[PDB]
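Before any questions on binding or motion, here is one chain by itself as structure tokens, the form deposited in one PDB entry.
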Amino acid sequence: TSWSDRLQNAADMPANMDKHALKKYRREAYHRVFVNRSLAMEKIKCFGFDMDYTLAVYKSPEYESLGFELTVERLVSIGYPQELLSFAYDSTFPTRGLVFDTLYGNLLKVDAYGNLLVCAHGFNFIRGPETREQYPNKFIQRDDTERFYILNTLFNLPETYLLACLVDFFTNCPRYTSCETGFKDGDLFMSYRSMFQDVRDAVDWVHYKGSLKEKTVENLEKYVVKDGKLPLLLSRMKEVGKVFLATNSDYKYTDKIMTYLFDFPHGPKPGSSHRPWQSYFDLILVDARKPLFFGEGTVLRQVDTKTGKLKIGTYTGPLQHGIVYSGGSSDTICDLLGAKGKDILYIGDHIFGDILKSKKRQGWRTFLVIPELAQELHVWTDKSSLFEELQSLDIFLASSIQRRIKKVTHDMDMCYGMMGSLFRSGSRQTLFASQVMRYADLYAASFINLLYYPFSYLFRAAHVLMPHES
């Protein structure tokens, strides 16, 4: 049972809009919207969306497996060894938000301060004392972006696993000699950095120049979660405010995915006429180039929706019905919708490019979609006894207790996968968790959970007090 299985099971259910039914449903963690900072829904005038892994959640592990297979085939085609073809995607290995250290070839799980929680070289998990050789302070400087790459999106799951496969492969293949910073093969030296760059390039290529999109769209039911409640929520949002799309995807791909997401024999609710996906949006913007979008952005262009090509020139005209924009900036949205940042709730899955950047650069309100939460919630509740035990031990310690703490931490983490929870390793929160709390005003397993709250709901979070104020 993957997180997408959970999401699809919930997507299959019709909306019961009886107000008591709604209250009961949203009390379940699965259908709840979680609150980091208080947000009065009555003050939101514009609801903005990302598409991929927000509106269009790709099914797991099928979509990751497809990306993996095509990325491997691209690497082989440029001259990586044939043994790569014997790799098979394994969903139990990668957790999102890991850091690849391009100097030493390690996947790292870190906290908000760059402290090492987990270090794997290939499939070898390096324990504390051994990590000190390469990380003397068990710490990385994560903003050293030339060295460290943070694998922040669900698109990075395939390459997270592939990096580990490759390091494992070269390390154990007697054709190659392992060095500190890569592999020697006679007169050829392959650094972990140049290897990482090849993987990154092959991933981009598969999405942009390869067959991934074509294979996705030829079997959308296999690859994409679909939910009859989506037009209902969007139509309700449009009753109290404006609705926009701002996506990095191009027009042709957006049109294919979005058509599928609305492809039901009805519109907002069963019995109503179907309407085109475009009719649910006051403003549609593609090729957004987030996060650059939230600063200078790019030249505002107009899509010719008939051909899917951009019209020649900068678009200087007004917002008109049926127009589709390309590029621009977040200011385009504010100016055309008559909005200020705090009137906007932007809904996306990219913790950096969607959420942190719109928050820091523009003061937008933020809603983070975390698709894996759909299944992490199940583990969290099902294994609560292990977390509680750890919480009791930590308090008792403040030795056989220290070893017990390490053992319980391991058992708890393994319930999530080999790289543990997205949100923690034992009692230590990850960088990703800390960024969620600081930048996402609201978060949930799905944006659909907004449907279960009334129009002027006040999302509440307790005030933060300093230690001396307590």
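Positions refer to the first chain, counted from 1. Basically, rigid core = biggest C-alpha set you can superpose within 1.5 Å across the two forms. What changes on going to the form deposited in another entry:
- Candidate set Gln82, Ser77, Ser273, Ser392; criterion, C-alpha shift of 2 Å or more between these two forms after rigid-core fit; matching residue, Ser392.
- A movement of the C-alpha atom of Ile405 reaching 2 angstroms or beyond is seen between these two forms when the two forms are aligned on their rigid core.
- Fitting the two forms on the rigid core leaves the C-alpha of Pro136 displaced by under 2 angstroms between these two forms.
- After superposition on the rigid core, displacement of the C-alpha of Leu458 between these two forms stays below 2 Å.
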Second form
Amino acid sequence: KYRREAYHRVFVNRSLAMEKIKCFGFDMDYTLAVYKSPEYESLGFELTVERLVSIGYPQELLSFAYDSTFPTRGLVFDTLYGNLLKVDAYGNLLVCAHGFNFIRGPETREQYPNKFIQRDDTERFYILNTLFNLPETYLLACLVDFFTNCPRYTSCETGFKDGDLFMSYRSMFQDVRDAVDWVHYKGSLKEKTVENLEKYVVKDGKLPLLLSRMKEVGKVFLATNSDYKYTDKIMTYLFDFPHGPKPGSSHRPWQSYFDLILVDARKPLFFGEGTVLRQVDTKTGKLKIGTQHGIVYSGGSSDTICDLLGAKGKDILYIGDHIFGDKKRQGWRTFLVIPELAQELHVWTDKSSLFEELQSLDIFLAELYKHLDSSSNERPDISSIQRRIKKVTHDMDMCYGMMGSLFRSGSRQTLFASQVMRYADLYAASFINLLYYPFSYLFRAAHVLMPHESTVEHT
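Same protein, different state: after the form deposited in one PDB entry, show the form deposited in another entry.
Keep in mind that what follows is only the chain, not its partners or any molecules around it.
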């Protein structure tokens, strides 16, 4: 079968006939505006720590340096015991780190009977789903680690004797959860991003090319959480080239690429009741009191966008980096951006050696038990080649980072995997990969197989 280059590919969960697509909707942040890594994370990290020190946290936090190789997106923070968990779709603990100490084996079972947690017990647990969470993911580990191994702090099961009244992990977590919020909303993050954009934000002439082609076969819109003056800056930079879509072409304003531009969207509330629809003054950012087609909207709702565009769910492909939830309404189609996927395809490809040795070691196992059944009392020693497995699974796991792959730990899918398969029709490392497909393309679901399907042939 013909398949496009791995790194160009759009992966299909549910089938989608692209000619039926009439509108393309865009998330801005971490979608069109992909923030550079490790650098944007570091900026968030440093600003969050600066903010915690200012409210009374110890100075030793300033020596923390962000480390991209620790966090994996989507971990669960247990505010009761101060643990970052990696769990599967159903609640089962895959990985459990206290600070930088990885527990596993029997010792985890003392703290988590049945190696299981109630994911729907919010504000005991906290799911760190988004790309903005990577900083505080690593920070919490640092914090738990520091206070654990600092002699003037006594470690309790649910927190610390800090000096000496009590700081619970739950209080420490809110402390962190507020700092990040503060940094995004009142601190100098957006500010420092904007003042050196070439350091923090990616740009590629492929973005205007792709959008322009979309506007030829359908309508295009923007629905972002960010305000207008932040959006005007970020988009102006994304489209700053000495030309328009193609080389030689005249440069066009970034506004000219959208039939509808909406800011202050308030997602997820946007997709339900929403807020009241406003309009924005291009000249000032400040909202117009009252509410031609060169217009910029504020607030509003999903439903409104369809009414203005003259469309309906089915007709709309919504492109972004965020996984939502859940009717009625009317039910937009979905493209999901997962930047980690560029790294994971390199492991899947450039680390074949490991996958092959696993496959063969597994093969070999099947041979040992070939002429064997319940009658047979032969207990072939397999501890030797068991060991080589755990540990090549460890090595393979560790190519993805210290908390492993985004989508799986060994055999098991992660909770993050299941939600991606819930939420997304289409996915890839970036929407740009759309460039490589015609707009008449028929995306066929890549069928997912149960054991009795995957390992039984049609012969």
